[PDB]
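There are 2 protein chains.
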Amino acid sequence: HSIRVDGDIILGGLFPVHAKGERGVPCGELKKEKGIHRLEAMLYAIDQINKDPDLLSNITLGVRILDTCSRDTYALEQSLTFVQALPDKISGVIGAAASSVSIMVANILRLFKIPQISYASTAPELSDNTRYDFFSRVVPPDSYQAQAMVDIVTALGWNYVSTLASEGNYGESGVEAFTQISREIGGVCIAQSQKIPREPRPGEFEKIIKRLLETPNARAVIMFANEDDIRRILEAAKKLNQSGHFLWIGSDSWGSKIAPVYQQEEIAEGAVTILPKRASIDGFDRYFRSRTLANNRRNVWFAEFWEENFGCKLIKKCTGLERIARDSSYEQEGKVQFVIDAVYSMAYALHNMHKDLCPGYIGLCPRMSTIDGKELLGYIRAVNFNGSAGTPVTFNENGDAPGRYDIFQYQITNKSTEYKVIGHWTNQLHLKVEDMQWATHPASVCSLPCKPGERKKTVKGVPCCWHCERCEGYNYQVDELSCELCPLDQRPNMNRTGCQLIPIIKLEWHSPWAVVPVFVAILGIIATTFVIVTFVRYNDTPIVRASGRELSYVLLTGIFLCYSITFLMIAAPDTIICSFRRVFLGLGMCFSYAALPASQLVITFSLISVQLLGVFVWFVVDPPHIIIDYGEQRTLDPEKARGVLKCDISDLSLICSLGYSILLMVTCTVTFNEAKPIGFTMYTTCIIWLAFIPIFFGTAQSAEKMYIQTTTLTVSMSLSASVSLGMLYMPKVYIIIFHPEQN
Amino acid sequence: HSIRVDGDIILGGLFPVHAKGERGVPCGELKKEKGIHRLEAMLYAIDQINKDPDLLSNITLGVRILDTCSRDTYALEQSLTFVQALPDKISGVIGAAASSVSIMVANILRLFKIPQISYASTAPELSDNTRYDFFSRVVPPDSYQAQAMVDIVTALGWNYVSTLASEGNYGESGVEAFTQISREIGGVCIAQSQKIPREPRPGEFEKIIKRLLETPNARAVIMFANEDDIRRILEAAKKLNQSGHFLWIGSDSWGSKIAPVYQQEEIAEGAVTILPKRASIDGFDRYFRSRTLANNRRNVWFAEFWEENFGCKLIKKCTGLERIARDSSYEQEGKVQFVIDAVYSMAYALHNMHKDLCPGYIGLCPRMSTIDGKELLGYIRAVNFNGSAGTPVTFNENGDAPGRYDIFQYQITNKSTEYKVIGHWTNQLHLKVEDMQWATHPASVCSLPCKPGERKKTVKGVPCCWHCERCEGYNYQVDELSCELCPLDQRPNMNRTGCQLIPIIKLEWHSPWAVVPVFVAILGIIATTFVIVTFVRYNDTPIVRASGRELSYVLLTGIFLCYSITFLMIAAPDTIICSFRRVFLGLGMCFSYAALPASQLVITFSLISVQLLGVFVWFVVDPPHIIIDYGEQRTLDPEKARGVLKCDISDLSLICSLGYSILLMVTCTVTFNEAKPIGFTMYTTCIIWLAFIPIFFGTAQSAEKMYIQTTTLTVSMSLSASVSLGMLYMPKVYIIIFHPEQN
Ligand SMILES: CC[C@H](C)c1ccc(NC(=O)CSCc2ccc(Br)cc2)cc1
Ligand SMILES: CC[C@H](C)c1ccc(NC(=O)CSCc2ccc(Br)cc2)cc1
Ligand SMILES: N[C@H](C(=O)O)c1ccc(C(=O)O)c(C(=O)O)c1
Ligand SMILES: N[C@H](C(=O)O)c1ccc(C(=O)O)c(C(=O)O)c1
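Residue numbers (the UniProt record's numbering), protein chains in the order written: chain A, 38 to 123, 144 to 371, 381 to 505, 510 to 666, 692 to 765, 776 to 848; chain B, 38 to 123, 144 to 371, 381 to 505, 510 to 666, 692 to 765, 776 to 848.
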């Protein structure tokens, strides 16, 4: 149950020939690929070194190879089996495969000063020169793998991921390194971090999947887990109908293995894996294919391998004549090159030490009776040679190896499925995205990029997630972070970012609510013009003399001024046209309702002069201007919020002149003719103005206010002036024009 | 550099006499309390066992005590020093103090079947019977401590905490157990989880404090860290001015130590710590105080302890006459009882094994030449005795001890500061909150309890945090989770949870906008009554006959009906009073504006009958009712949103009768008297109704609509009827009443 080959310098070996026992038993079944192939590779390397005449001339290399059974306690016992004389002496040990096994064996071997070189251990914790003084490895540590994973995650644009870690030293340390690098660099945020137990209860993987489903926006999972755990996680995901939700990124524990995805292709399609660079060795293939029982009795586990390989027992009966790669499928294990490289590194270190310490001698000099551990380690750390794959093998000052990785993606096209190479990582990422075949490019982001107008509220803690909401219609967008109200006296732009020009309305000759007043004003002007023109040629007429030669003219001018008011008050509010128009308002009203030889002079000029200076007083003290009447007319919808242009003569400033003129109109109008017509005129005017209070105040405002008020005022004043002029002169005109003899 | 005392059965020992070296050196300074006291306690226990005649009669117990220097590699070397013959044989080993040291020593000792009993290791990982077969401890594991911490956290009401873990096996495993128990029980949520490095760079602790300050609502920190880390964290917190923000909950690594809080009382006041139950031993105190150099040469580290204790070197020169507890302060280490209990447990196991295997013999029987490890472990697991403090010592089926803890709180009152006992934990919490002195009770909660009306939105993932916001004023509160709009035809209650009764207005005899119509109606009724009463007694009067004996009466009745309309239309909208009132509207209007021997019969009845059947048609086809006119009058503020009561006669349904009556009023009124008065009446009525269109439609609505429309209608109709009646009969009345001879 142990392989011994004699020689002058004896190296050790630890390989996982058997797997962990099911329960209460140390060793279980046989690992054909992981156990037998690697020890056969070590034996082949030793034979090549012994046969080589230019390396370790006349010096033989022996081996003492034992088994670990994938358990650290068994390997601890075997490591104690190594160091017993401290008689043959072990000069070096080819390290174990699992991280825990290597850690415990290195803990033991540091006391007795025995250099150790591993081929499959990647734990970062072994890079500490203050705790593991005599440990080296030909595979890169997991710090480089975590950095590469971060670079891949940030290269595809993802910034929201979850992590899965298998219990132990490997997965937990890898996930911790990834988390620390992510926190230091910044840019990607970790949502959840799970922990697959060593011995899970039934239904554990479904529970893990359901917990991962507590964050639908984290579709990318970083996995540092064993192949059995990967298979069971994929089985649970398939069972829960998530064939397309998750995106997988695996470590070297996934690699290019087929067992975890044997009949679960759809749930694992598009998974990204990372492996150390490696190739196949044809010499090892020929050596292994040349092995038979009659010539490979050096291996003590070879009969069990024969039985478990060809399916017989020596059921079917072994004929002792089968050959590998013919009666069964054959394929190299991926980690043969590393074992051969470790063995050759030890050989080269011994060669250099012999060259320095024992010069010009054939064989082994007496000074070299006992190999010195510390000097041997120093020589190990400074080797430089080309390995079995044509690639250099070198070490750092800590004993690690440079990080050189290849990247694979699982892809399904028609019926052929295979891990396809897409890029590499040699101190810097090189990823060809044009050859990535998912299920265009997917997405794993916490928050979508928002539209233009919002306020971005970064959540406390994680910078990756933001909740963006669109502010009200009364504000604009200052930036992606805040909103502000430009419309203090304006309106916002349609994009809720700018500030639009304010709509405004007016009464510029528009047809609605403005054509009736001018229509009646034209007729009134024509009638008054006809009356006055008829009177002009007949100033000597006896009825004209009875009415007064100039008594009529002033009145006709007054009502003509009233018509001028009723007409040119609808054009536009400005500082040129409607400015100073209210003095004409009052002038026309006072004439038409007051003027009704020198006596005429005084009673026509005195009162109009006093009222003229009065109106002049408040035209000076209260000058006109243009107003923009947004004010309280702030409609909630800006598109429905239109301003208006009006004269600076206020709402109650146009009416002030009327009251004086109203009191002047009441009775100040001064058996004979023309008396009863004046009485009828006064009665008609009184009935006209009785209803004026609701007429002149529509008490509605809204948007009709200017239109309703202007139309009511113009119509009422025009009608009153029309009746006043009419029920006194039209008749006399008819007598003058139609019947000439009645005079 | 090692203590050897001979005997028949030899036990081992591992104690941390020295501390870790600063750099590149295995052992540093001397630990007077942690190293010397515990080994002296073990020696005292061995001497007591040997002197006791009822325990291990005629059998001597020896010891082989070594040093660990607080480093697991040194202890590994010493453990290898134990097992070398596998000649004196080690029957058992008193375990180490640190978790890692015990783990490595137990990994070594499981191979050679040597039972191990520890006194200060609390790591949960050592409770696995499939990995550490020969390990037992007299202190409880950290699972019980984590459960107690969870119970304490949930007992004070806190539900939002942060965790600090020192690098290693102890702190990380404790924090992991706490997190797992928290997740399983549910109710408390972990915000952040930090990691204090073994060798921190300058400024690390300030960075940790600043990271902890990224969550102001998590004021409680669970700490599993070393005393130096505690001191440095407190120093950083004091430097950053957080004297009162954080609340501390520490494990047994804090305990009742004074060094971490030596001159940092204010930053650490109110910290809660947990310790295993223990007491002091007076026998050990007497034994230690009795030691001098002349009689304690068995201890090989005693001279160094003397020098480092009394401050001299044998600077000041040692006189060789000092005594402990007089020339220096003396105090027992807390973990003497556990060491004595472990030694006595091993002794009792050996006693029981001897009693069973070698019966009725004095000394050691030949069958007992070699102690069997597995049977010795089986005997160890089933011991039951009272220890050195009067408390039972027992083991589980895993080798642990029951969880029994005491709880301390650091308190500052005036000048005296001391850890005060507040409660305990023996399979269930017992906490006296009335004696807790903070800085009333503080709080550490993610979200405050919200007021009544909101919608609680539980965040995805953690159930502990909710963001609650108050919905609009148009909705109520269905529950703490959602809002809904009760006011589809109602208003909400003031608490935004219920549904309030809708305010409503009316025109029930209220003084504004309703007293002028009745005031003029009373006068009109009085005038009409006086006129008709005057005519009644004078039906034979010649001017009455000229006016028509019954021609006047129908008209006077018609205008009286108009006054009845103008009056009783302001009372209330119902299905009794304002119902069917519009037939009287039309009846009065048609009389007053149409009736103006058998000829009178036909021209009074025919037209009123046809219009009466007409109005009856739409009173039947369009029956009246009561309306509530919320409709579009939905004011945004419910307090300002009041309804109104109106008659079901629509806005355009009260006017329909008028048009027929208007056309009947136009000219249908049918050299002699009374002709010119009727002409004047017609003219006055025409001028009255000319302005009616804006009068009868105030085009304002708002809230005045009913009032303005009703007042305008009643006033206009009353005034028209008043003028129509007046400008024809008042005169005749004056002739009849005042001047009697004019007839
Ligand atoms: C007699 C009082 C005054 C002159 C008067 C006369 C008639 C009207 N209105 C009409 O005849 C209806 S057409 C013009 C109009 C349309 C809509 C609105 Br609101 C107001 C006036 C307004 C005031
Ligand atoms: C056709 C004219 C009609 C008879 C008339 C005349 C005057 C009034 N109203 C007034 O003189 C003012 S008292 C009623 C009133 C109060 C406030 C508002 Br605002 C409008 C009307 C109403 C109808
Ligand atoms: N990198 C980890 C470690 O160091 O723990 C590792 C080492 C060795 C093997 C192996 O025996 O093939 C595997 C594997 O099963 O893929 C994983
Ligand atoms: N419970 C932890 C552990 O198991 O590691 C522990 C063990 C021993 C000691 C000690 O030497 O006194 C301390 C301490 O420093 O207070 C803490």
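Misleading hints may appear alongside valid ones.
Any copy will do: because identical chains look the same in the list, a pair fits if it lies in one copy or spans two.
Stated by the list, open to error - Here are the simulated DSSO-like cross-link-like pairs (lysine-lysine), alpha carbons at most 27 Å apart as the crow flies:
1) 810 to 735
2) 334 to 498
3) 527 to 481
4) 295 to 781
5) 576 to 382
Treat the hints as calculated values from the structure; they're not laboratory data.
**Study point:** Numbered hints the structure breaks, given as an ascending list
**Key:** Checked against the structure, the hints that fail are numbers 3, 4, 5, while the rest are satisfied.
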